[PDB]
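The data below hold one chain only, encoded as structure tokens and taken in the form deposited in one PDB entry.
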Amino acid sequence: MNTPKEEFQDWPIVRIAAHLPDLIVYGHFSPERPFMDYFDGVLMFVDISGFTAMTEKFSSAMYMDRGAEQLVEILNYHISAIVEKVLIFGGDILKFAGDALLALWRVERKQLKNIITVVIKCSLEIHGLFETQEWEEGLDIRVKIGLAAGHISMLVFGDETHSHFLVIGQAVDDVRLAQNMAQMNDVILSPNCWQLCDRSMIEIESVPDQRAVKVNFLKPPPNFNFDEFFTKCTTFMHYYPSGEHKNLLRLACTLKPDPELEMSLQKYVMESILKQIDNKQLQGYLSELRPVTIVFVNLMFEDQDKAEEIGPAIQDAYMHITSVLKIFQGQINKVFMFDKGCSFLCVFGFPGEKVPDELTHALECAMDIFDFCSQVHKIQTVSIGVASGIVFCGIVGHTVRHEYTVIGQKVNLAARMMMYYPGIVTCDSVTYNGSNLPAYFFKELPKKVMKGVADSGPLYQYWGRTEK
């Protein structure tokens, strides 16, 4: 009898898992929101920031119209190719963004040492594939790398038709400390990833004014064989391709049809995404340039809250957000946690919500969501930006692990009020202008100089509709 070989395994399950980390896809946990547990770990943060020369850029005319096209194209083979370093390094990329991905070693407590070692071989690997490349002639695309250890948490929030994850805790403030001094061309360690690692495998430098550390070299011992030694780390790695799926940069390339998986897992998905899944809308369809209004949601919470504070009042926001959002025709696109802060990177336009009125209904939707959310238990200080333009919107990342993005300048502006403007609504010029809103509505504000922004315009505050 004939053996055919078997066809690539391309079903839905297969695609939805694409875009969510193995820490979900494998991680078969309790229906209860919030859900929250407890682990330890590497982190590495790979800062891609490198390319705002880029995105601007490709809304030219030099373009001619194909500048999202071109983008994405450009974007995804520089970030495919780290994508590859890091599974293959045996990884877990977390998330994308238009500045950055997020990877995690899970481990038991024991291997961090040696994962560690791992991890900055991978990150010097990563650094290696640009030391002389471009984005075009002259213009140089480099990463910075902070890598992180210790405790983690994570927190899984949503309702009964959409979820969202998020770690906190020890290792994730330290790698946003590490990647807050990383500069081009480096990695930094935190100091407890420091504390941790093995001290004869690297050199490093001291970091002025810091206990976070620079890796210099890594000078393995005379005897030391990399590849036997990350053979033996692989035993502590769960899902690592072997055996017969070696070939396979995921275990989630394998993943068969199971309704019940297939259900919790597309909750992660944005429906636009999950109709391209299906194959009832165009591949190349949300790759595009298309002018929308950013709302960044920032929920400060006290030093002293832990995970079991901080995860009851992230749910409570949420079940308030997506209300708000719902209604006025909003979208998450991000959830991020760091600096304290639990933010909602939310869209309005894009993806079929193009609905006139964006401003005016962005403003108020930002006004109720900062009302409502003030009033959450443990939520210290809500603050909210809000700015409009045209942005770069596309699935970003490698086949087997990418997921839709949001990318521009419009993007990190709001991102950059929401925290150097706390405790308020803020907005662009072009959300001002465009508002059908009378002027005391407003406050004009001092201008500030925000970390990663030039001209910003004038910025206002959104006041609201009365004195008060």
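By rigid core we mean the largest C-alpha set that fits within 1.5 Å across both forms. Numbering follows the first chain given and starts at 1. First, how it differs from the form deposited in another entry.
- Put simply, after the core is superposed between these two forms, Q304 is the one residue in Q304, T235, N247, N223 with a Cα shift of at least 2 angstroms.
- Taking 2 Å as the criterion, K378 does not count as shifted between these two forms: its C-alpha moves by less than this amount when the rigid core is aligned.
- Annotation: Cα of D339 displaced by at least 2 Å between these two forms, core superposition.
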The other form holds:
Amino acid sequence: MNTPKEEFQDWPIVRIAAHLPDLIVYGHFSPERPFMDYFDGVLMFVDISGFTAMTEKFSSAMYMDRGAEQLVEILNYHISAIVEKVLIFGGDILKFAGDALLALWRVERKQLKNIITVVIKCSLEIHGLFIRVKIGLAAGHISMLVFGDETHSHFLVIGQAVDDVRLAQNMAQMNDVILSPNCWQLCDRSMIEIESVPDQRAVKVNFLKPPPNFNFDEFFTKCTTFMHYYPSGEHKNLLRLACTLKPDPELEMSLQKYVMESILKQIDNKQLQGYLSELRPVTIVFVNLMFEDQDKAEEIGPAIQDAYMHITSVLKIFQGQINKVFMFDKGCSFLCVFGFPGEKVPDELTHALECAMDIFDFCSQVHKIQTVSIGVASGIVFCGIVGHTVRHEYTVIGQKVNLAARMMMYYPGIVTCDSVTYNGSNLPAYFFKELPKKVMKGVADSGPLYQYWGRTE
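Beyond the form deposited in one PDB entry, can we have the form deposited in another entry?
Next comes a single chain, given without company.
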């Protein structure tokens, strides 16, 4: 009796799970919204610098109209290698945002110290492989928030360790690995050799200096005891346990809610893969919500849900999409896009502005939202699936993405727009106000910037 080869089955549930972390795939939590949970872990925020520039260059004539295809190929080639290292070292990639990603090693409190050594080692091997890579690490208490409606779900992580990992990463120079103060306080200092950072309590890693008799492969093995989904045994040749997920319509119904419809179309083999890699003109609407205490999920969770319910209803009407949500700019940011594959309306600019205004007015009166700020910017952006075959997400990359984010941060409390949006919109000039030009971290020169003052006053 034969025992024939069983070919890998790439069921749709498995394809869906590539778009999500283990935190969601294996989370099985309640469908109530908001839902919050609490745990401890180590975070790694990894940023490839330079892709934002490459993006502008990939529009030039030398790319012969295959800029999008060439960009995504060279991006994924690099990001794939970073993803593999993260996964092999036992991390869970939570989210990709542009040319950056955030990874989590969730463990019990007693295990943080040892897992920090694992993540440092991982970081040093990533910084090794290689555009510059910058890595921020943090460790401690972490909250998760899941919010949404009956057809869409989103998650975010929240708390001091989350704020820290982003602060740590911004201090990083080309190729630095930076530890948050708490991470440094919790790590095995007898092994980790650091320099201090000026006017900063975070530290920089110089190297690992293991003691005699220390064997990293053995230490790692001990650490895998604490890793719930590390591939092992018959599945030790796989990068993710999620590669083994079997059809389950209840689970798939729950997981699909996190993935955009156009991605589900590709997964379902109802649209060519090539279709979603593009360099296309879009409008970015970047919404920031600030709270009195951005580390307190039980306060901010309801407010985020409330804002989300309104945001999604106005985006439906003005035809936009939420690409990504994350904690950023001392608050919760929604990266919204008008003109994704299949949503290209005319009057996109006008609508992006009226939508931004509606969101601004409504969110300003949600309880516990202290300040709303929205940046609107338009131009050619890269849209596509970024990452590894086994772990990847749809994202946007471009100078207008960064501009919209910087606008919302440097012009808090108002709706701002760039010149392309201003000039191209339908709206009368006196609905706007020309603003003082600010020097903005990561921005060569915006043309003129404007406040969208709106119809009255």
